[PDB]
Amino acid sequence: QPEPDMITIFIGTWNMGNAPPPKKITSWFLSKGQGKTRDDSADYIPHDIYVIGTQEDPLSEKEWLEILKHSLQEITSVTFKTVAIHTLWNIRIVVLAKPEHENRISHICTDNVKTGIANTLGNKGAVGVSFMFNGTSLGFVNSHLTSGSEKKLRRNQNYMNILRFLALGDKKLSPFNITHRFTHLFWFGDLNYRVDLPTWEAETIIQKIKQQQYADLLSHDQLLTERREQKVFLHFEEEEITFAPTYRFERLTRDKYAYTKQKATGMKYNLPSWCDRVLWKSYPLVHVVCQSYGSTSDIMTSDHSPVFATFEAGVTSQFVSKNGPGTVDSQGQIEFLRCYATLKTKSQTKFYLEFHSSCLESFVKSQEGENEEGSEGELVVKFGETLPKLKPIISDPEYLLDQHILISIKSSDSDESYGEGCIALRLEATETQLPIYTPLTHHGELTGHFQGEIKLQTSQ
């Protein structure tokens, strides 16, 4: 039985509004309703992995797992295996996989982050799961961010706390947060960003939704505008939204948006909004294609509609050679030429690099770089031809061209990372000097850039 080089992944997010689900939820897992929907001819074809995020989930883990498994079994005639389940308060993540994948999945991790302080600590935060699928690392985050149209900056702070503090993936990748630890990272949930239009415009917004005219609403969606201004979710992707706002509905129908202020809402308006979202970030030049992104129309127990997204995702095999794992493959090498980091910092410490990759036996520390002043005020750290030659464990180009090098630039004085990025080895040529580039981030915000040239030697 050959190992796959692609899988499909289902991502669901549903804020259940503290109510039990209806008896049939299959439309969610079939990607049927409004938006980018899945073709009927695929209904019996199981996804490889199903990741279900709920918020305001009133069920026990047992109760929800039985509903999920019975749902998938009815659709596909396959009995899915539970990879992981993790709950923080009423925020939950379930990962299910086809039974044939059970011995392809390992290194399963779960964690949660509680956001806020005092008043604002006790119901918002995130849960996550990570694991390896053969040679590919996968991370999943379900977050319930702060509510309210006038709290976008709190949501952005919630995001940074979650990516800083959620402890998933390989703990040896110590300079890197979750935005660099995975081949593919999916971040979804009730992100709670709203359509920022005046309250007086509520009925006009409803009119537009009835006409399926979303453009003047999406141009005011806080998540898209905050992303465009680089305030949140830097270097993440989202499919185009072509489904109606998923919040706030009257329960038991989808015919009415319930937007007006009530004692139950703290006297806040809830204008129709795309609260419920799926975003992703994959390493450079790895295959990832969104094949559905939409909302169900027939699940009406909550004031939110469920959201689905599905993806093709490239995966690699657990490579063994005569040499690595457990030795190098002298036929292989990675050289950096003429590299420099440009940093936004005001500090004047010396800096060194760390190179991390599962194609190395362990991470590699560089010598300190040479600091110069840039023309427009910046710090330029030059490494010259001084960088250590990296010795991959396997030299086969079918393995090495699919790998990635994570880079951290660290202060000599504090050993703290001032920026993290990632370089793909999926090059146009081997034995050839080629330009490389990554932006550098720290705590998910832009801190600089790293650019230079690479020269990769494989056994071919």
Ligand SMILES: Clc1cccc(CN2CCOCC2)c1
Given for the second form:
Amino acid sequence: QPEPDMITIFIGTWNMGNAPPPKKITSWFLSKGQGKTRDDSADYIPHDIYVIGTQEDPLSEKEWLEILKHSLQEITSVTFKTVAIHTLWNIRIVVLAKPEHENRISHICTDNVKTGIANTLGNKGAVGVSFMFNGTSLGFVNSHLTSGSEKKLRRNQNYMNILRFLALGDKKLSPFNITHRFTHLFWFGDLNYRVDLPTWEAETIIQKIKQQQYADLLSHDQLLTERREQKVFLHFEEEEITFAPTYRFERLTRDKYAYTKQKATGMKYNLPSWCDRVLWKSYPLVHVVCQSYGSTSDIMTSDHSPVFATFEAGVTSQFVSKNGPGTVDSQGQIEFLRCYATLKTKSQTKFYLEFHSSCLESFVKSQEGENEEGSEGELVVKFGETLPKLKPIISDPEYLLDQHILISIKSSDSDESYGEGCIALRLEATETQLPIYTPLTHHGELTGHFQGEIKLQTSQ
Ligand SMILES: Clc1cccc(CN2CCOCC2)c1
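Next, give the form deposited with the ligand bound, keeping in mind that what was shown is the form solved without the ligand.
Everything in the complex follows now, all chains and molecules, and the chain you saw is the first one.
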């Protein structure tokens, strides 16, 4: 039985509005409704992994697991295995996988982050799950961010707290937050960003939605505008939105948006908005293709509609050779030529690099770089030809060209990372000097760049 080099992943996000679900929710898992929808000819084909995020979920874990598993069994005639379930307050994540994947899945990690302080601590935050699928690391974050049209900055702050403090993946990757720990990271939830138009325009917005004319609404979506201004979700991707706003509906129909201020809303308007979203970030040059992104039309218990997204995702096998794992393979090496970091910092410590990769027995520390002044004010840290030669565990190009090197640039004075990035080994050539590049971030914000040349030796 061959190991896969692709899987499909279902992501769902649903703010249930504290109400039990209706008796049938299969349209959600079938990617049927509005937006980019899944072909009918695929209905019986199970996804490999289903990741379900709920917010305002009133059910026990047991109650929801029974609904989810029976829903998938009805669709696919497969009894899915439960990989993980984690709940913070009424924010929940469930991971289900086809039984054939049970021995391919390992290193399962769950965590949560509570956002806010005092007033603002007690119902918002995030849950997450990570695991290995053969040679590929997968992370999944379900967040419920701060509500209200005039709180986009609080949402951005919530995002940064979650990516700093959610403890998923390989704890040996100490300099790296969740935005660098996974081959594929999916971040979804009730992110609660709104369409920023005047309240007086509510009926105009509703008109536009009835005409399926979303362009003038999406141009005011706060998540798209904040992302374009690099205020949040830097280096994440989102499929184009082609479904109606998923909030705020009158319950038991989808015919009416309920936007007017009420005591129950704290006297706040809820203009129709794309609160419910799926984003992802994958390592450079790894296959990831969104195959659906939409909302259901027939699940009406909540004031939100469920959102679905599906993905093809490249995966690799758990590689064994006659040498590594358990030793190096002298036929493999990774060299860096003419490398330099450009940093936005005003500080003047010496810096060194750390190279982290599951193709190395352990991480590698460089010598300190040489600091120079850039012509536009910047710190340039030069490594020249001084970077250590990296010794991979396996030299076979079928393995090595699918790997990635994480880079942290650290202060010699404090050993704190000033920037993190990632370099793909999926090169155009081996034994050839080739340009490399990554942006550097710290706490998910841009802090600089790393560029230079690489030379990769494989056994071929
Ligand atoms: Cl699908 C799945 C569900 C629950 C746990 C696991 C991890 N496994 C790996 C091998 O079997 C034992 C534990 C996988």
